[PDB]
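In the block that follows, a single chain appears as C-alpha coordinates, in the form deposited without this ligand.
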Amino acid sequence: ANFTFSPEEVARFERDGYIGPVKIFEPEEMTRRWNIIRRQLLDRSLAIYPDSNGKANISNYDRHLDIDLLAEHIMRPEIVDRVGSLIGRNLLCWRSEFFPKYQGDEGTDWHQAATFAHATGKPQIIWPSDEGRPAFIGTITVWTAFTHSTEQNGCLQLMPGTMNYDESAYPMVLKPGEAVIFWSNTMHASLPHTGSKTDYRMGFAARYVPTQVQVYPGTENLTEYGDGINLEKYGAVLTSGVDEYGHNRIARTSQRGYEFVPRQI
(Lines of atoms letter the chains of each structure in order from A and count residues from 1; the text may use other names and numbers.)
(Lines give C-alpha, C1' and ligand atoms only; values in the text may rest on other atoms or scores of the structure.)
(Ligands and ions follow the chains in the order given, each with its own letter.)
Protein backbone atom coordinates (compact mmCIF):
# COMPACT_ATOMS: atom_id res chain seq x y z
CA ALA A 1 0.00 0.00 0.00
CA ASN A 2 1.17 3.51 -0.88
CA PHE A 3 -0.44 6.91 -0.24
CA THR A 4 1.89 9.17 -2.22
CA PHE A 5 0.14 12.06 -3.96
CA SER A 6 -0.23 11.99 -7.73
CA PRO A 7 1.67 14.62 -9.74
CA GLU A 8 -1.62 16.46 -10.25
CA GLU A 9 -2.53 16.53 -6.56
CA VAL A 10 0.94 17.84 -5.72
CA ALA A 11 0.44 20.58 -8.32
CA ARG A 12 -2.93 21.45 -6.81
CA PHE A 13 -1.33 21.76 -3.38
CA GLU A 14 1.40 23.94 -4.84
CA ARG A 15 -1.10 26.46 -6.13
CA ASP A 16 -3.51 26.40 -3.18
CA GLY A 17 -1.25 25.89 -0.18
CA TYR A 18 -3.58 23.13 1.00
CA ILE A 19 -5.36 19.99 -0.12
CA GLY A 20 -8.26 18.08 1.29
CA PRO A 21 -10.29 16.32 2.24
CA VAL A 22 -8.03 13.24 2.35
CA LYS A 23 -9.10 10.09 4.16
CA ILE A 24 -6.95 8.96 7.06
CA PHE A 25 -9.51 6.64 8.66
CA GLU A 26 -13.09 5.54 7.99
CA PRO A 27 -15.61 7.57 10.06
CA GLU A 28 -16.53 4.79 12.52
CA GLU A 29 -12.87 3.88 12.98
CA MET A 30 -11.81 7.46 13.75
CA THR A 31 -14.72 7.75 16.17
CA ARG A 32 -13.71 4.51 17.88
CA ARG A 33 -10.17 5.88 18.39
CA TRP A 34 -11.30 9.32 19.54
CA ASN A 35 -13.61 7.64 22.05
CA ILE A 36 -10.53 6.10 23.63
CA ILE A 37 -8.15 9.05 23.15
CA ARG A 38 -10.57 11.50 24.78
CA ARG A 39 -10.44 9.56 28.05
CA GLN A 40 -6.70 8.99 27.81
CA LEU A 41 -6.00 12.71 27.49
CA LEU A 42 -7.32 12.98 31.07
CA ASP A 43 -4.40 10.95 32.41
CA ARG A 44 -1.22 13.02 32.21
CA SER A 45 0.87 10.68 34.36
CA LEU A 46 3.25 10.25 31.43
CA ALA A 47 2.77 13.50 29.50
CA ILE A 48 6.05 15.22 28.68
CA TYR A 49 4.84 18.66 29.78
CA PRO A 50 4.21 19.34 33.50
CA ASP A 51 1.00 20.81 34.88
CA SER A 52 0.59 24.52 34.14
CA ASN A 53 -1.80 27.05 32.63
CA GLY A 54 0.20 27.41 29.42
CA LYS A 55 -1.03 26.57 25.92
CA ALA A 56 1.05 23.39 25.78
CA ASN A 57 -1.00 21.96 28.65
CA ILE A 58 -4.43 23.47 28.01
CA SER A 59 -4.39 22.59 24.30
CA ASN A 60 -2.67 19.26 24.97
CA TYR A 61 0.49 19.70 22.89
CA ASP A 62 2.52 16.67 21.83
CA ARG A 63 0.46 13.84 23.31
CA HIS A 64 1.65 11.62 20.49
CA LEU A 65 4.64 11.18 22.81
CA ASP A 66 2.67 9.38 25.52
CA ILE A 67 -0.64 8.16 24.04
CA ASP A 68 -0.28 5.12 21.79
CA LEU A 69 -3.21 5.88 19.48
CA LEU A 70 -1.76 9.36 18.94
CA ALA A 71 1.75 7.96 18.48
CA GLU A 72 0.32 5.78 15.73
CA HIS A 73 -1.73 8.62 14.23
CA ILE A 74 1.31 10.77 13.41
CA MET A 75 3.06 7.69 11.94
CA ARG A 76 0.15 6.79 9.64
CA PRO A 77 1.11 6.00 6.01
CA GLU A 78 -2.09 7.78 4.96
CA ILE A 79 -0.53 10.91 6.43
CA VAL A 80 3.22 10.37 6.05
CA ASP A 81 3.17 9.21 2.42
CA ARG A 82 1.14 12.28 1.50
CA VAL A 83 3.22 14.79 3.43
CA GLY A 84 6.34 13.10 2.05
CA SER A 85 5.14 13.70 -1.51
CA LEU A 86 5.20 17.41 -0.62
CA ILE A 87 8.32 18.07 1.41
CA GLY A 88 10.34 14.85 1.25
CA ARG A 89 10.48 11.33 2.68
CA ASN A 90 12.92 12.22 5.45
CA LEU A 91 10.06 13.46 7.66
CA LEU A 92 10.00 14.87 11.17
CA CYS A 93 6.80 15.36 13.22
CA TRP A 94 7.82 18.10 15.62
CA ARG A 95 4.42 18.82 17.14
CA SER A 96 0.77 17.89 17.55
CA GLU A 97 -2.09 19.69 19.32
CA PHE A 98 -5.86 19.76 19.61
CA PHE A 99 -8.24 22.33 18.20
CA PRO A 100 -11.61 22.19 19.97
CA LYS A 101 -14.51 24.44 19.04
CA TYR A 102 -17.66 24.87 21.10
CA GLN A 103 -21.00 26.63 20.72
CA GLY A 104 -20.52 30.38 21.00
CA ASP A 105 -16.95 30.44 19.71
CA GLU A 106 -16.56 33.17 17.13
CA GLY A 107 -14.88 32.60 13.81
CA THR A 108 -11.66 34.17 12.64
CA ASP A 109 -11.04 36.58 9.78
CA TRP A 110 -8.63 35.79 6.94
CA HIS A 111 -5.03 35.57 8.16
CA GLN A 112 -1.70 33.74 8.02
CA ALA A 113 -0.58 31.99 11.19
CA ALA A 114 3.13 32.00 12.12
CA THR A 115 5.35 29.44 13.87
CA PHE A 116 6.80 31.82 16.45
CA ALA A 117 6.33 31.02 20.14
CA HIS A 118 3.71 33.33 21.64
CA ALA A 119 5.41 33.82 25.02
CA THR A 120 8.78 34.88 23.61
CA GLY A 121 8.32 35.51 19.90
CA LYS A 122 11.14 33.04 19.18
CA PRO A 123 10.96 31.08 15.92
CA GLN A 124 10.20 27.45 16.76
CA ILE A 125 10.99 26.42 13.20
CA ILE A 126 14.00 27.37 11.05
CA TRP A 127 14.69 26.14 7.52
CA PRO A 128 18.19 26.43 6.01
CA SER A 129 18.82 29.48 3.84
CA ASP A 130 21.45 31.16 1.67
CA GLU A 131 23.56 34.08 2.85
CA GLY A 132 21.55 37.22 3.48
CA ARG A 133 18.27 35.62 2.42
CA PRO A 134 15.79 35.14 5.30
CA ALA A 135 14.86 31.64 6.47
CA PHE A 136 11.53 29.99 5.63
CA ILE A 137 9.57 29.00 8.75
CA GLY A 138 6.56 27.05 7.53
CA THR A 139 5.45 23.58 8.56
CA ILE A 140 3.15 21.13 6.79
CA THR A 141 0.10 20.77 9.02
CA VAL A 142 -2.16 17.71 8.85
CA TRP A 143 -5.50 18.59 10.49
CA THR A 144 -7.54 15.43 11.17
CA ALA A 145 -11.20 15.77 12.14
CA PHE A 146 -11.82 13.56 15.19
CA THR A 147 -15.37 14.86 15.31
CA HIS A 148 -17.23 16.09 12.24
CA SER A 149 -16.16 19.57 11.15
CA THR A 150 -19.11 21.40 9.63
CA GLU A 151 -20.09 24.95 8.78
CA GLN A 152 -22.45 24.91 11.74
CA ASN A 153 -19.50 23.67 13.88
CA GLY A 154 -17.22 26.52 12.86
CA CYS A 155 -15.13 24.68 10.25
CA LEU A 156 -11.96 26.10 8.72
CA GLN A 157 -12.04 28.22 5.57
CA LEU A 158 -9.39 28.19 2.83
CA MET A 159 -9.19 30.04 -0.49
CA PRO A 160 -7.78 28.78 -3.83
CA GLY A 161 -4.85 30.48 -5.53
CA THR A 162 -1.59 31.25 -3.73
CA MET A 163 0.51 40.63 1.41
CA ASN A 164 -0.37 39.80 -2.20
CA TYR A 165 -3.28 38.73 -4.39
CA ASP A 166 -3.06 37.41 -7.95
CA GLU A 167 -4.65 37.70 -11.40
CA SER A 168 -8.42 37.73 -10.88
CA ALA A 169 -16.82 31.20 1.94
CA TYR A 170 -14.80 28.15 0.83
CA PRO A 171 -15.46 25.92 3.87
CA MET A 172 -13.36 22.81 4.42
CA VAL A 173 -16.04 20.45 5.72
CA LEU A 174 -14.67 17.16 7.07
CA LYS A 175 -16.15 13.86 8.19
CA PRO A 176 -14.59 12.07 11.15
CA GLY A 177 -11.39 10.50 9.87
CA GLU A 178 -10.82 13.00 7.09
CA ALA A 179 -8.06 15.57 7.11
CA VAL A 180 -6.98 18.72 5.37
CA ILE A 181 -3.29 19.26 4.71
CA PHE A 182 -1.88 22.77 4.50
CA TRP A 183 1.17 24.92 5.08
CA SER A 184 0.83 26.36 8.59
CA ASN A 185 1.01 29.86 7.06
CA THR A 186 -1.61 29.38 4.34
CA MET A 187 -4.24 32.09 4.11
CA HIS A 188 -7.27 30.92 6.05
CA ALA A 189 -10.26 31.85 8.18
CA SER A 190 -12.86 30.01 10.26
CA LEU A 191 -16.61 30.22 10.79
CA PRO A 192 -18.26 30.88 14.16
CA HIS A 193 -19.86 27.93 15.95
CA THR A 194 -23.62 28.34 15.60
CA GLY A 195 -24.73 24.79 16.43
CA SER A 196 -25.92 23.02 19.58
CA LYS A 197 -23.97 23.09 22.84
CA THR A 198 -23.46 19.32 22.74
CA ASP A 199 -22.06 19.50 19.21
CA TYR A 200 -18.37 20.15 19.78
CA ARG A 201 -15.84 19.99 16.99
CA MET A 202 -12.47 18.39 17.66
CA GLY A 203 -9.52 18.63 15.33
CA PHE A 204 -6.16 16.96 15.90
CA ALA A 205 -3.24 18.61 14.13
CA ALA A 206 0.17 17.05 13.51
CA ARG A 207 2.89 19.30 12.11
CA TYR A 208 5.73 18.12 9.88
CA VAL A 209 9.06 19.43 8.70
CA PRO A 210 11.93 17.77 6.76
CA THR A 211 15.07 16.67 8.67
CA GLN A 212 17.14 19.61 7.39
CA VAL A 213 14.90 21.87 9.45
CA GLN A 214 15.83 22.92 12.96
CA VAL A 215 13.20 22.52 15.65
CA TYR A 216 13.34 24.75 18.69
CA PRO A 217 16.66 26.24 17.41
CA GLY A 218 19.11 27.43 20.04
CA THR A 219 17.53 25.90 23.13
CA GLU A 220 21.06 24.58 23.70
CA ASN A 221 20.74 24.24 27.47
CA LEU A 222 17.07 25.12 27.90
CA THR A 223 14.10 23.23 29.31
CA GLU A 224 11.47 25.77 30.35
CA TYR A 225 10.72 27.28 26.93
CA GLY A 226 7.47 29.12 27.62
CA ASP A 227 3.73 28.55 27.09
CA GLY A 228 4.11 25.50 29.28
CA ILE A 229 6.62 23.91 26.93
CA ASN A 230 9.43 22.06 28.71
CA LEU A 231 11.98 20.60 26.29
CA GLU A 232 13.43 18.18 28.84
CA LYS A 233 11.52 15.19 27.46
CA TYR A 234 10.69 16.68 24.07
CA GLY A 235 11.76 15.04 20.85
CA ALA A 236 10.93 15.34 17.18
CA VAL A 237 9.76 12.09 15.58
CA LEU A 238 11.38 10.72 12.43
CA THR A 239 8.36 9.20 10.66
CA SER A 240 10.12 8.09 7.49
CA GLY A 241 13.48 8.04 5.74
CA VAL A 242 16.57 8.79 7.83
CA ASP A 243 18.08 11.71 9.71
CA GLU A 244 21.41 12.79 8.24
CA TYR A 245 21.53 15.80 10.57
CA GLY A 246 21.13 15.05 14.26
CA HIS A 247 20.69 18.76 15.04
CA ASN A 248 17.25 18.25 16.61
CA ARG A 249 16.10 16.59 19.82
CA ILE A 250 14.79 13.21 18.64
CA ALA A 251 12.35 10.73 20.16
CA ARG A 252 12.74 7.20 18.85
CA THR A 253 10.45 5.84 21.57
CA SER A 254 7.29 7.21 23.14
CA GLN A 255 6.97 7.83 26.85
CA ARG A 256 5.00 4.56 26.91
CA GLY A 257 7.44 2.42 24.98
CA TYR A 258 5.75 2.90 21.63
CA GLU A 259 8.58 2.50 19.13
CA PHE A 260 8.72 4.90 16.18
CA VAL A 261 10.14 2.95 13.25
CA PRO A 262 10.73 5.16 10.18
CA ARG A 263 8.65 4.09 7.19
CA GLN A 264 10.35 3.41 3.85
CA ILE A 265 8.76 3.20 0.40
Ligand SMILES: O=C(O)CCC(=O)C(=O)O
Given for the second form:
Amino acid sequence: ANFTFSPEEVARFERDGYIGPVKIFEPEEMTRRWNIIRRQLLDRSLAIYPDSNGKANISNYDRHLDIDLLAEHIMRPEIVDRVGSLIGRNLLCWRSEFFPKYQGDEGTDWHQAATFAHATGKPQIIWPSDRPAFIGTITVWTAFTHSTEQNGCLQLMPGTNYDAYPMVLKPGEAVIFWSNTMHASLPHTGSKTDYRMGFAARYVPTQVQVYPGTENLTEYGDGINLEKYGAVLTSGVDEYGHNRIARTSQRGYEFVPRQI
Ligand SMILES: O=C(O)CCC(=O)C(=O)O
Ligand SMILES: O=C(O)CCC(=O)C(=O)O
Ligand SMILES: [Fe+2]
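So that was the form deposited without this ligand. Now I'd like the form solved in complex with this ligand, please.
What follows is the whole complex; the chain from before opens it.
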Protein backbone atom coordinates (compact mmCIF):
# COMPACT_ATOMS: atom_id res chain seq x y z
CA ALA A 1 0.00 0.00 0.00
CA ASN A 2 1.48 3.31 -1.15
CA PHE A 3 -0.26 6.59 -1.95
CA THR A 4 2.68 8.84 -2.82
CA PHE A 5 2.08 11.18 -5.76
CA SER A 6 3.48 10.58 -9.23
CA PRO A 7 6.00 13.07 -10.66
CA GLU A 8 3.14 14.26 -12.86
CA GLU A 9 0.68 14.82 -10.03
CA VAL A 10 3.38 16.51 -7.94
CA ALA A 11 4.08 18.74 -10.94
CA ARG A 12 0.52 20.00 -11.31
CA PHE A 13 0.33 20.64 -7.59
CA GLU A 14 3.44 22.80 -7.97
CA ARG A 15 1.62 24.55 -10.79
CA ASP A 16 -1.75 25.12 -9.13
CA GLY A 17 -1.09 25.17 -5.41
CA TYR A 18 -3.65 22.41 -5.02
CA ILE A 19 -4.61 18.94 -6.18
CA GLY A 20 -7.99 17.27 -5.91
CA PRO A 21 -10.20 15.38 -5.73
CA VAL A 22 -8.17 12.59 -4.11
CA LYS A 23 -9.91 9.61 -2.58
CA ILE A 24 -9.31 9.07 1.13
CA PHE A 25 -12.33 6.87 1.85
CA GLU A 26 -15.20 5.42 -0.11
CA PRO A 27 -18.35 7.57 0.22
CA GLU A 28 -20.18 5.02 2.38
CA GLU A 29 -17.19 4.63 4.68
CA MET A 30 -16.69 8.37 5.08
CA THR A 31 -20.38 8.74 5.89
CA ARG A 32 -20.26 5.84 8.32
CA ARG A 33 -17.32 7.50 10.13
CA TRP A 34 -18.85 10.97 10.09
CA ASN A 35 -22.01 9.48 11.60
CA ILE A 36 -19.93 8.42 14.62
CA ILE A 37 -17.70 11.49 14.72
CA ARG A 38 -20.64 13.89 14.54
CA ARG A 39 -22.01 12.44 17.79
CA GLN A 40 -18.60 12.18 19.46
CA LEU A 41 -17.80 15.83 18.73
CA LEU A 42 -20.58 16.56 21.23
CA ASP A 43 -18.66 15.06 24.16
CA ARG A 44 -15.79 17.36 25.09
CA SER A 45 -14.85 15.56 28.31
CA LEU A 46 -11.40 14.85 26.87
CA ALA A 47 -11.05 17.67 24.35
CA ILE A 48 -7.75 19.46 24.88
CA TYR A 49 -9.43 22.91 24.70
CA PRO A 50 -11.70 24.18 27.53
CA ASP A 51 -15.22 25.50 27.15
CA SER A 52 -15.13 28.97 25.62
CA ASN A 53 -16.60 31.00 22.79
CA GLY A 54 -13.32 31.19 20.91
CA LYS A 55 -13.27 29.68 17.45
CA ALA A 56 -10.98 26.88 18.67
CA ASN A 57 -14.03 25.62 20.59
CA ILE A 58 -16.85 26.67 18.24
CA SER A 59 -15.13 25.22 15.16
CA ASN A 60 -13.82 22.22 17.11
CA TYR A 61 -10.09 22.61 16.64
CA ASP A 62 -7.81 19.63 17.12
CA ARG A 63 -10.36 16.97 18.05
CA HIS A 64 -8.01 14.49 16.40
CA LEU A 65 -6.30 14.63 19.80
CA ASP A 66 -9.27 13.02 21.54
CA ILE A 67 -11.61 11.42 18.97
CA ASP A 68 -10.22 8.07 17.75
CA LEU A 69 -11.64 8.35 14.25
CA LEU A 70 -10.14 11.82 13.83
CA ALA A 71 -6.85 10.61 15.30
CA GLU A 72 -6.81 7.89 12.66
CA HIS A 73 -7.90 10.27 9.92
CA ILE A 74 -4.81 12.49 10.22
CA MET A 75 -2.65 9.34 10.25
CA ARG A 76 -4.18 7.89 7.08
CA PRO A 77 -1.70 6.69 4.41
CA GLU A 78 -3.98 8.11 1.71
CA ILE A 79 -3.37 11.51 3.27
CA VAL A 80 0.16 11.12 4.62
CA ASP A 81 1.79 9.46 1.60
CA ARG A 82 0.40 12.27 -0.54
CA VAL A 83 1.37 15.16 1.72
CA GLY A 84 4.74 13.47 2.19
CA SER A 85 5.24 13.49 -1.57
CA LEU A 86 4.80 17.27 -1.34
CA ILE A 87 6.76 18.48 1.68
CA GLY A 88 8.70 15.47 2.94
CA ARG A 89 8.39 12.19 4.84
CA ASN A 90 8.93 13.80 8.26
CA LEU A 91 5.42 15.18 8.74
CA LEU A 92 3.64 16.91 11.56
CA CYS A 93 -0.09 17.46 11.78
CA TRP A 94 -0.28 20.58 13.92
CA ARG A 95 -3.99 21.24 13.53
CA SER A 96 -7.39 20.10 12.35
CA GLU A 97 -10.63 22.08 12.23
CA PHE A 98 -14.16 21.75 10.90
CA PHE A 99 -15.60 23.81 8.05
CA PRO A 100 -19.38 23.56 8.07
CA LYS A 101 -21.61 25.45 5.67
CA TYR A 102 -25.34 25.94 6.01
CA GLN A 103 -28.15 27.22 3.81
CA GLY A 104 -27.83 30.99 3.54
CA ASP A 105 -24.09 31.22 4.17
CA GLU A 106 -22.54 33.63 1.72
CA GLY A 107 -19.62 32.82 -0.52
CA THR A 108 -16.34 34.69 -0.41
CA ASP A 109 -14.35 36.53 -3.06
CA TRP A 110 -10.81 35.59 -4.17
CA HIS A 111 -8.28 35.65 -1.33
CA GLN A 112 -5.53 33.74 0.39
CA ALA A 113 -5.48 32.94 4.09
CA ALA A 114 -2.52 33.50 6.40
CA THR A 115 -1.51 31.29 9.31
CA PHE A 116 -1.46 34.13 11.85
CA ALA A 117 -3.68 33.78 14.92
CA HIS A 118 -6.70 36.06 14.67
CA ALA A 119 -6.76 37.09 18.33
CA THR A 120 -3.14 38.26 18.35
CA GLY A 121 -1.82 38.29 14.81
CA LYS A 122 1.05 36.10 15.99
CA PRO A 123 2.40 33.64 13.42
CA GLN A 124 1.41 30.07 14.30
CA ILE A 125 3.76 28.38 11.82
CA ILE A 126 7.35 29.44 11.12
CA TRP A 127 9.63 27.80 8.55
CA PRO A 128 13.46 27.92 8.61
CA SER A 129 14.76 31.05 6.88
CA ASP A 130 18.00 32.64 5.64
CA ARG A 131 15.17 36.90 5.59
CA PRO A 132 11.34 36.40 5.44
CA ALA A 133 10.19 33.09 6.94
CA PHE A 134 7.65 31.10 4.91
CA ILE A 135 4.49 30.40 6.91
CA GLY A 136 2.43 28.06 4.75
CA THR A 137 0.99 24.68 5.72
CA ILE A 138 -0.32 21.88 3.49
CA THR A 139 -4.02 21.57 4.18
CA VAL A 140 -5.96 18.37 3.51
CA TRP A 141 -9.63 19.24 3.21
CA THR A 142 -11.78 16.11 3.46
CA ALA A 143 -15.46 16.23 2.59
CA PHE A 144 -17.41 14.56 5.39
CA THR A 145 -20.69 15.30 3.59
CA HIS A 146 -20.76 16.14 -0.10
CA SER A 147 -19.35 19.51 -1.08
CA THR A 148 -21.33 20.83 -4.02
CA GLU A 149 -21.79 24.08 -5.86
CA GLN A 150 -25.25 24.17 -4.37
CA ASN A 151 -24.03 23.95 -0.77
CA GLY A 152 -21.16 26.43 -1.08
CA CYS A 153 -18.12 24.47 -2.24
CA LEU A 154 -14.66 26.02 -2.41
CA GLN A 155 -13.28 27.54 -5.60
CA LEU A 156 -9.69 27.10 -6.71
CA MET A 157 -7.68 28.84 -9.40
CA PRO A 158 -5.31 26.96 -11.77
CA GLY A 159 -1.81 28.30 -12.31
CA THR A 160 -0.68 30.46 -9.40
CA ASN A 161 0.59 38.15 -8.92
CA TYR A 162 -0.81 37.15 -12.32
CA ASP A 163 1.01 35.37 -15.17
CA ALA A 164 -12.97 29.91 -11.45
CA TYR A 165 -13.26 26.14 -10.96
CA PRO A 166 -15.54 24.65 -8.23
CA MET A 167 -13.90 21.92 -6.16
CA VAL A 168 -16.90 19.60 -5.71
CA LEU A 169 -16.22 16.54 -3.57
CA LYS A 170 -18.03 13.35 -2.69
CA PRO A 171 -17.93 12.20 0.92
CA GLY A 172 -14.48 10.77 1.54
CA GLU A 173 -12.83 12.79 -1.19
CA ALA A 174 -10.37 15.52 -0.37
CA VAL A 175 -8.62 18.46 -1.92
CA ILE A 176 -5.03 19.13 -0.96
CA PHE A 177 -3.70 22.68 -1.08
CA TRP A 178 -1.26 25.11 0.47
CA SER A 179 -3.12 27.05 3.17
CA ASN A 180 -2.33 30.29 1.33
CA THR A 181 -3.49 29.20 -2.11
CA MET A 182 -5.80 31.61 -3.92
CA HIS A 183 -9.38 30.47 -3.36
CA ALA A 184 -12.97 31.63 -3.19
CA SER A 185 -16.27 30.04 -2.26
CA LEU A 186 -19.84 29.96 -3.47
CA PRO A 187 -22.85 30.81 -1.32
CA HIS A 188 -24.98 27.95 -0.01
CA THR A 189 -28.19 28.01 -2.03
CA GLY A 190 -29.47 24.52 -1.27
CA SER A 191 -32.00 23.21 1.23
CA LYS A 192 -31.74 23.82 4.97
CA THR A 193 -31.18 20.12 5.69
CA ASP A 194 -28.29 19.93 3.24
CA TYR A 195 -25.21 21.04 5.15
CA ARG A 196 -21.65 20.69 3.99
CA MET A 197 -19.01 19.51 6.43
CA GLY A 198 -15.35 19.68 5.62
CA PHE A 199 -12.67 18.41 7.96
CA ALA A 200 -9.29 20.02 7.43
CA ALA A 201 -5.99 18.69 8.71
CA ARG A 202 -2.89 20.86 8.32
CA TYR A 203 0.67 19.58 7.94
CA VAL A 204 4.20 20.96 8.20
CA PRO A 205 7.58 19.23 7.89
CA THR A 206 9.47 18.71 11.17
CA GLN A 207 11.89 21.62 10.70
CA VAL A 208 8.93 23.99 11.01
CA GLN A 209 8.24 25.61 14.37
CA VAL A 210 4.61 25.37 15.49
CA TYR A 211 3.22 27.94 17.90
CA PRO A 212 6.58 29.74 18.21
CA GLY A 213 7.24 32.00 21.18
CA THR A 214 4.84 30.18 23.47
CA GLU A 215 7.36 28.32 25.63
CA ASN A 216 5.81 29.70 28.84
CA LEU A 217 2.21 30.13 27.64
CA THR A 218 -0.99 28.12 27.92
CA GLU A 219 -3.79 30.60 27.16
CA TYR A 220 -2.97 31.50 23.55
CA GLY A 221 -6.20 33.11 22.38
CA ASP A 222 -9.19 32.16 20.22
CA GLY A 223 -9.90 29.44 22.74
CA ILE A 224 -6.56 27.78 22.06
CA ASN A 225 -4.87 26.55 25.25
CA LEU A 226 -1.51 24.94 24.55
CA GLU A 227 -1.33 23.10 27.88
CA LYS A 228 -2.44 19.78 26.43
CA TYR A 229 -1.55 20.62 22.84
CA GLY A 230 0.97 18.70 20.81
CA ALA A 231 1.76 18.32 17.13
CA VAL A 232 1.59 14.75 15.85
CA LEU A 233 4.48 13.07 14.06
CA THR A 234 2.54 11.47 11.23
CA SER A 235 5.51 9.86 9.51
CA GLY A 236 9.29 9.78 9.51
CA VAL A 237 11.17 11.00 12.56
CA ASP A 238 11.60 14.26 14.43
CA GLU A 239 15.25 15.36 14.36
CA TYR A 240 14.25 18.68 15.92
CA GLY A 241 12.31 18.31 19.15
CA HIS A 242 11.49 22.03 19.02
CA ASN A 243 7.71 21.48 18.94
CA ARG A 244 5.16 20.43 21.52
CA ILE A 245 4.50 16.83 20.51
CA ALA A 246 1.78 14.29 21.18
CA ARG A 247 2.68 10.65 20.72
CA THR A 248 -0.69 9.66 22.20
CA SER A 249 -4.22 11.08 22.07
CA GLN A 250 -6.26 11.99 25.15
CA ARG A 251 -7.93 8.63 24.71
CA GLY A 252 -4.83 6.50 24.41
CA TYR A 253 -4.71 6.40 20.64
CA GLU A 254 -1.06 5.76 19.87
CA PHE A 255 0.36 7.80 16.98
CA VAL A 256 2.89 5.47 15.38
CA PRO A 257 4.81 7.35 12.65
CA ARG A 258 4.38 5.76 9.23
CA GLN A 259 7.54 4.96 7.28
CA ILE A 260 6.44 5.85 3.75
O1 LIG B 1 -16.56 28.29 3.54
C2 LIG B 1 -16.58 29.28 2.84
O3 LIG B 1 -17.73 29.77 2.38
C4 LIG B 1 -15.31 29.99 2.47
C5 LIG B 1 -14.12 29.29 3.10
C6 LIG B 1 -12.84 29.98 2.72
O7 LIG B 1 -12.84 30.97 1.99
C8 LIG B 1 -11.56 29.43 3.28
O9 LIG B 1 -11.58 28.45 4.01
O10 LIG B 1 -10.38 30.00 2.99
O1 LIG C 1 -4.79 27.95 9.88
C2 LIG C 1 -4.64 29.01 9.30
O3 LIG C 1 -4.23 29.01 8.01
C4 LIG C 1 -4.91 30.34 10.01
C5 LIG C 1 -5.37 30.10 11.45
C6 LIG C 1 -5.69 31.39 12.20
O7 LIG C 1 -5.57 32.47 11.65
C8 LIG C 1 -6.18 31.32 13.63
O9 LIG C 1 -6.31 30.25 14.19
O10 LIG C 1 -6.47 32.45 14.29
FE1 LIG D 1 -11.23 31.50 2.78
